[PDB]
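Shown here is one chain on its own, the form deposited in one PDB entry, set out as structure tokens.
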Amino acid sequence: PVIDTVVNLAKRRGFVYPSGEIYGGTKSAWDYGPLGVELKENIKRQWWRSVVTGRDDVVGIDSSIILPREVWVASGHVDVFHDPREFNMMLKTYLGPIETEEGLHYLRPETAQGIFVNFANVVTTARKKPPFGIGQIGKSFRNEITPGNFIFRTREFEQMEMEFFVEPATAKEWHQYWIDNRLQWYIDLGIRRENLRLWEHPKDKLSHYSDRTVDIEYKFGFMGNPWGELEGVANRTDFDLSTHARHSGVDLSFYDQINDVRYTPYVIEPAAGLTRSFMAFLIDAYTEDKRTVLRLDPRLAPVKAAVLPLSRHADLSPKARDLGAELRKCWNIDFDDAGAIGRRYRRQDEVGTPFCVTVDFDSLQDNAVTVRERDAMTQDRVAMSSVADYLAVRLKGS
């Protein structure tokens, strides 16, 4: 089972820790350790660049976890978000002094509703016109009945969701665009294409408001069926703005000044999972070749380079430490002088570090270092003054 092996590596090296481990934990709750917080941040950076700020037609928001309760009546979650005896899967809390119906709030089960209710605000302040999107990354909460499979299905998780508002007659081509774009995003960041597939929902598996839904599925390797949903890309017609306009009383239609027409945009929704993606990138990268290597895209790898003096000899520290401080101004780096150099390469390979930089006794005469590439183990001798440039060309886009 690749999955358990990857989970064990993730714990051993501090990608993750069980939350509250010393108190026995809480079911499905995982903390991100020193390497995990950096990998998670890198995934966020790549999504935000590809979907939001790298585009001229998508803007971002960060809306609150706790919204007014009526948001979740309008969205239908109060009446429908239940799994059987029906049990509602939203987490409740109480705000203010007394516990009353007025104080009752839900923690959001998805980030998307905070986008929809801000549609008119964003049109106004960002001066946007369909086709355009609003993207968001954040925490969501669900009282999952059977959480587990590591971080695949947890009660507290993070999503990366974008709502793309379009003229209704253009929705089918924009849906296809976003299906194609989102699938390719995973492949471009290194997931092997044979471990990804698309699942076109049959008509009898569509929501009442979706004209089409396609899931990107990843071959996680679960027992039984090894595939799982990674990201859902839905054509949500005009249901979301319509329902919030009806329940709130605020017009959420769009006025097209050029063609003087008013309409309610259709929505194409790429709904991805930050913590679920983290799991897929780790599993897919895990390789046993003997070598254990985490073949992470260099833009995702948590540590970009490790500075490794050949030994603890005092003559090598000045250079090695000076080099580490220079590189640390640019990237997250590691410094390690403990034990045999070959074992130190293997320690970095195991967590995906794309380059190791070795300072040896020849470095004291030629003022150069050896740079080792993780996967092929090529070793180039590089002038000290050129190491950062050498790394930068190979880490571009991080």
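Numbering follows the first chain given and starts at 1. Shifts are known only where both forms have a C-alpha. Take the two forms, find the largest set of C-alpha atoms that superpose within 1.5 Å, and that set is the rigid core. What changes on going to the form deposited in another entry:
- Here the rigid core is superposed between the two forms, and of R127, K205, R312, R193 the C-alpha of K205 is the only one to shift by 2 Å or more.
- Core aligned; the single run of 3 or more residues with all CA shifts at 2 Å or more between the two forms is 200-212.
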Given for the second form:
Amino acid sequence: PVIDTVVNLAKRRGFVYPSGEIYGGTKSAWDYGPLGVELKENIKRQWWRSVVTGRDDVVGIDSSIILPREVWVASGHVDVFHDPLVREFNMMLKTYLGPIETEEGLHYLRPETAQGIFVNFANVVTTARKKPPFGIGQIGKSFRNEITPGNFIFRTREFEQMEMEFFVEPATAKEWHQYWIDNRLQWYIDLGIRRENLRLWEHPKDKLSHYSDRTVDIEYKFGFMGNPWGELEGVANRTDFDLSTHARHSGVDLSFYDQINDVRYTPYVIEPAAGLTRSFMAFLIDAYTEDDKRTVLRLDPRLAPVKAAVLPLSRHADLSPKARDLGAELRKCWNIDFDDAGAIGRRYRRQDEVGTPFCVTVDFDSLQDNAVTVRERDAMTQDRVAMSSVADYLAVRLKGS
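Okay, that is the form deposited in one PDB entry; can I get the form deposited in another entry now?
A lone chain is what you will see next.
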């Protein structure tokens, strides 16, 4: 099973560790190791660039994990965010702030990042001077008391989301819903996930969250036992539910004033809400490849956690100086690895297994011509390149990182 093989790879090479492994570990709680944090950050950079900073109609925020409790009463989560089990059980995590543990310092950890955006809608309109159609994007931790946490990092109690609320004139919501479904689906494909392992699934009206009139899920073919498909991201039409309920509960006008047409209306909201940690899982699974056999993690070079590995042909004291000066130069621009242990052939394979797009070998000939050998991960091609031109050579091939 590819999924089991990929999970074991992730653990073995330090993409992830079980949180508190030495004490047993919380239920499917996971830490991200050296390779994992870089891959996770690279995914965040690509989402932020595509959804926020690369666009002229979206701005970002970073709201607090712990908001005033009334936020989650007004949003309705207090009332309906529960599941029956064996009695109804609310899935929000609780904490108590301040010196007294009275039900007065009670707060909820956010189960979604969306509400921190909604309650700031008027703030952002004011300081960013935005007019619908425009969006507010955010990446951060959310918390849910999942009853059956598992499937690796697919379903955890602590996870990270990448959510954007796109505020539009109500009569335009349907075409903007289609736009963002297509835009988000294509984001995964642009970053290397095979089109055939993705699909769209529309929620039946009885499977809609309390805030949505229509949700379309982007699903990935993870390879689970039974049904191998799993929700990767939800794109929902939340209409004016969220701004209306916070205006009603807070007493603050959250409508938008269209100065041009002197009209006041509450925008509708289209919301792409992706799972950072689930996308992490999907990119690894889809990249995994068993090509005289070879294991290759064929990650988009923009996502690969290590962009290049400097590998001296041997531990020889004459190779180290030139190789270490090169690594120091490349580290100014990218995350790179240095490895002189063992047969160079096994070191190539070690890098291929974690998706490193390029290996740079400093051999004995490098001391007479001042050039090195660059190996491409997928094709295993081999080009000889001037030491002073290696950074340029890699920059052209890592553009967008």
